[PDB]
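A selection of the complex's chains, in situ.
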Amino acid sequence: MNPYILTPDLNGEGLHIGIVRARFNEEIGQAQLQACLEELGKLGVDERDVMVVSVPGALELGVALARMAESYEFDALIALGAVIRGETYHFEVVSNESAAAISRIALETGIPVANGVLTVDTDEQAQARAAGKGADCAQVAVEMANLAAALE
Amino acid sequence: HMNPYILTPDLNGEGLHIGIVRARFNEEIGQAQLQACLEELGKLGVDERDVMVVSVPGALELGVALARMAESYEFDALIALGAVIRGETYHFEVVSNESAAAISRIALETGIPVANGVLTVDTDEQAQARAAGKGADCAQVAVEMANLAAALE
């Protein structure tokens, strides 16, 4: 059985990307954004075609991402930030709701939203993953933007 | 090097209209949160004539109250205050989960940012230690996100 397999497309030329960065544990999101923007340029995304906004924390990602997607000016969005466990169930609540809103936005608007929100126990874990997750989200935004076009 | 447009955060509260719903379970906690919240709003330049404060019995009632205030579209941003403090039963998880989920749902479905200032902690001492800080935080979240929602409309 040899069906049609759509080959992934990582060509960023012409894409419009939005990025919302939660600033809680700011050093983490900044490292993610530096890696993220850098990778987007590598993929061919124009610097003039990227908007970056920031919010206080991960629970504010939903409302900001929702607007940018509902504008339909963007082929794909990226959510950045870090939830680091402290002393309370607040970690579970934030991790759960921020990810759930990122899922909901992509389903209801058709705009892919790369989920680059870390959910980790320690500062060191977030530092170890920051740059990697940032560049990954750049590749997710580009690829899924192109995949959404093929399916419209 | 990549130099895109970065929208600078705007913490100017002049002219903003804020609604606040305070869950009263563990009342000393929410009262401290509201005292810190109102004070910080003033520091940010929000007029006291432009702030409405209502209260509900507990965190599970935040959803229905916040839903009305948002759907009226009289408010640029909302704030939820309160404290879920673990006792002896899975009720702690249920309340923490559902109140936070409704705060999330309201912001997404109406476009009105809702700062989530409901604590979810194991002990009274944890709630006391975080009350004032979380109140002031919610002041800066409401103001900042109110401006961001306008800038993206």
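Which chain is which? They are A and B, in the order written, and residues in each are numbered from 1.
Everything below uses one rule, namely that a residue touches a chain if its C-beta (ideal position, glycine included) is under 8 Å from a C-beta of that chain, and two chains touch if they have at least 3 such contacts.
In this structure file the full complex is assembled from 10 copies of one chain, 2 of which are shown.
Please note the rule applied: only the chains that are shown with their structure count from here on.
Between subunit A and subunit B the centroid-to-centroid distance comes to 24 Å (mean Cα coordinates, whole Å).
Here subunit A touches subunit B in the complex through residues 37-38, 40-41, 47-57, 59-60, 62-64, 66-68, 71, 87-90, 93, 96-97, 100-101, 104-105, going by the rule given at the top. In the complex of the two chains, the subunit B residues touching subunit A come out as 2-7, 9, 86, 92-93, 96-97, 100-101, 103-104, 107-108, 111-116, 119-122, 126, 137, 140-141, 144-145, 148-149, 152-153.
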